[PDB]
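Okay, here's what each chain looks like letter by letter:
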Amino acid sequence: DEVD
Amino acid sequence: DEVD
Amino acid sequence: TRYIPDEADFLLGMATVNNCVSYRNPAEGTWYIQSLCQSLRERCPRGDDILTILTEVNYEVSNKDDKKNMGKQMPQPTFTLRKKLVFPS
Amino acid sequence: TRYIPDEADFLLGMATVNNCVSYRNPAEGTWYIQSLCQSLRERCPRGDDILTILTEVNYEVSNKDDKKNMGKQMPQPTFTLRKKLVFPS
Amino acid sequence: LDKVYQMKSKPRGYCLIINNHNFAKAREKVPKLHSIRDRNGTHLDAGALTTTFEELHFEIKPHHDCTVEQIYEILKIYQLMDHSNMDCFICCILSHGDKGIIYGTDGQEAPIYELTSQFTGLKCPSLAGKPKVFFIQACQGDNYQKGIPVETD
Amino acid sequence: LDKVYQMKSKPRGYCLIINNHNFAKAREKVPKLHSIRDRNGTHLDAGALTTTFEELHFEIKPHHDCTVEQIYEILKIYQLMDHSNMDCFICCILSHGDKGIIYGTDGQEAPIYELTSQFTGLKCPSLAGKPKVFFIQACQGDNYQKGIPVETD
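Taken in order, these protein sequences are the chains called R, Q, B, D, A and C. Residue numbers for the first sequence follow the entry's author numbering, beginning at 4201 and rising by one. Residue numbers for the second sequence follow the entry's author numbering, beginning at 4101 and rising by one. With the entry's author numbering as the guide, the letters of the third sequence map in order to residues 318 to 362, 362B, 363 to 379, 381, 381A to 381E, 382 to 390, 392 to 402. With the entry's author numbering as the guide, the letters of the fourth sequence map in order to residues 318 to 362, 362B, 363 to 379, 381, 381A to 381E, 382 to 390, 392 to 402. With the entry's author numbering as the guide, the letters of the fifth sequence map in order to residues 149 to 157, 160 to 175, 175A to 175J, 176 to 222, 224 to 248, 254 to 299. With the entry's author numbering as the guide, the letters of the sixth sequence map in order to residues 149 to 157, 160 to 175, 175A to 175J, 176 to 222, 224 to 248, 254 to 299.
If you're looking for bench data, these hints aren't it; they were derived computationally from the structure. Not one of these hints is a red herring.
Derived SDA-like pairs (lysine to any residue); straight-line CA-CA distance at most 25 Å:
(1) C:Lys175G <-> C:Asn289
(2) B:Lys381 <-> D:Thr318
(3) C:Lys175G <-> D:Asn336
(4) A:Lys201 <-> A:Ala188
(5) B:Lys396 <-> D:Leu329
(6) B:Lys381 <-> D:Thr390
(7) A:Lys151 <-> B:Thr368
(8) C:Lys175D <-> C:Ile242
(9) B:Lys396 <-> A:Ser272
(10) D:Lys397 <-> A:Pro295
(11) B:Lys396 <-> D:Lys396
(12) B:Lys397 <-> B:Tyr375
(13) D:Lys397 <-> C:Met155
Please construct the entire structure, taking both the sequences and the accompanying hints into account.
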């Protein structure tokens, strides 16, 4: 999980 | 015909 | 069990888009609410979902118009509903 | 040949409610878009309306979770559509 | 085969109705509002709402000419109630308003966000996973939505 | 017997796709904004989108690593096009973002309102009465949506  |  | 987001399952039904006015007729109520109820009463029985109903409201309130100030009203629902919301009768 | 409001017939599909983050997996795309397309591909054929589709997206993205941060994502559509929007195939 | 919110519950759930009509106080205290007129007709909405949702098996809970203070108070109560035996919650607000806010009968402002955020999952676990509906009837500005011509539907 | 948006049109309508990946100038030029990783994966979204809407008979129109400047420019074009023989218009935006805004590949901010308001009835009569869809995939803040427990929906 990688936040925009 | 009245605005809220 | 399981988890869902904090802000899930919400349905906000605004009578007007931002920055604008909504109309109220002293003799019969607001365009929005009246329409909402009208639509609700004939739709819910038929088993229609709330979003569908709200869409019909959008249609209806769009055809309405305050001729004087040559104006109109645009309702604007927003939602985080994760299922179809239906109100059985 | 009637009138409808200036801002009618819009459909905004946000991947996340305000103030929050949305997720992107380097290996398979964003939770939102992927789900959007998945749902679109199996729904539209069946003749399902966009709001219905968007709701399913809300469901699905809700069950997802960023284990690392224990976080979640809540999609939030808003609309002024006056009819059912369907994408026949 | 589409998921649906359960809706059998004996009383279904509460259905608040903050019905603001007499904005005289707001006229007195708030200068920029020296002229908000009273919302003549609300009554008809309130009535219609009551009837409609009553027919849908909801427990109506009216409140009249509430101030911002009073509104928050009322929501606090339902925020803290136990909705465990309820399948849904509805809150209708009939009042004056402006960009993103709702006007209290006393002229004070209530951000619509402050209102709905009262019922998140944390804020009210008894409602977690249950439809929380808010109908807000008010202005969101002083601009007139202009009309555009089109073909018949 | 429910009204429905007509959707027969030969190419249906355009489907933009502002696909932002390389936020190089972002991290470079915008102080409070370095470290904002390139959006590795967008490509997959863009692909999926293209395929999906292509299958739905839409004319895809990709654009990559556009800056705010460039985005506005692109929308200006379609804003000014004649969609008379089109039944719908779609605009997808894959990029970084914050509260109510979209980040340009160069770090500049674009209010989502500015984007969608480009296609109102006045702004683009060719689309009047036709669905104008916008899918925005980006962050709207740095907070994490917390989870809450419930039964099996």
